[PDB]
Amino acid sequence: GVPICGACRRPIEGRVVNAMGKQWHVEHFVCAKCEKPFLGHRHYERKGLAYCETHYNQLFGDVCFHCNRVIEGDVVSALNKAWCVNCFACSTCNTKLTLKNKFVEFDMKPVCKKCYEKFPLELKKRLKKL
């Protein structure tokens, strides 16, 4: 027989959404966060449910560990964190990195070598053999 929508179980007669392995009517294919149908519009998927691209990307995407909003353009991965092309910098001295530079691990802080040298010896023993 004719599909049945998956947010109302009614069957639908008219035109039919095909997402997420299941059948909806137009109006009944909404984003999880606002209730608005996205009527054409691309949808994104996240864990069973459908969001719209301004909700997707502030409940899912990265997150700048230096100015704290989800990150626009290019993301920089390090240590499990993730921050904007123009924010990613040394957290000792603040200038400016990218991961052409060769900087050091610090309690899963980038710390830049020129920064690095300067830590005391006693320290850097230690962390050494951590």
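Numbering follows the first chain given and starts at 1. Compared with the form deposited in another entry:
Summary of the rigid-body analysis between these two forms: the C-alpha atoms of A89 and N68 are best fitted by the same part's superposition.
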Given for the second form:
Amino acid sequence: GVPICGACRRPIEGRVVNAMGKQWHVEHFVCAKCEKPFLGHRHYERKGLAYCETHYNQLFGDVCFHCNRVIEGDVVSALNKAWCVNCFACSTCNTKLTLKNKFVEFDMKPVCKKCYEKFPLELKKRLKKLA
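Next block: the form deposited in another entry, after the form deposited in one PDB entry:
Only a single chain is listed, so you will not see partners or other molecules.
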């Protein structure tokens, strides 16, 4: 038979650039932000998509404030900072949190609600007139 491209969705008659299970045309196997193709250059997969080198970082290159290695997989974003889903946790009792937990910004660190309750009243009184 003839394989069918994955972009224009027409069949391929020339060079068939196999990659990511799908078959492609030479000019249609491309990068997902800048339009241009690889043409034999190397691809960087991510959940069905592919990118060049100097764009693959700008998205999937958030770095986990806890372990400082760059985040592979799901990226928890909170408080102008980023966490691996298993690294995110309370900064004062280190029990794991999700964005669906109740927590409090304290100097841009996450504090679980239970922990905030134990803060000195002097402190809590002053932080409600900050930010």
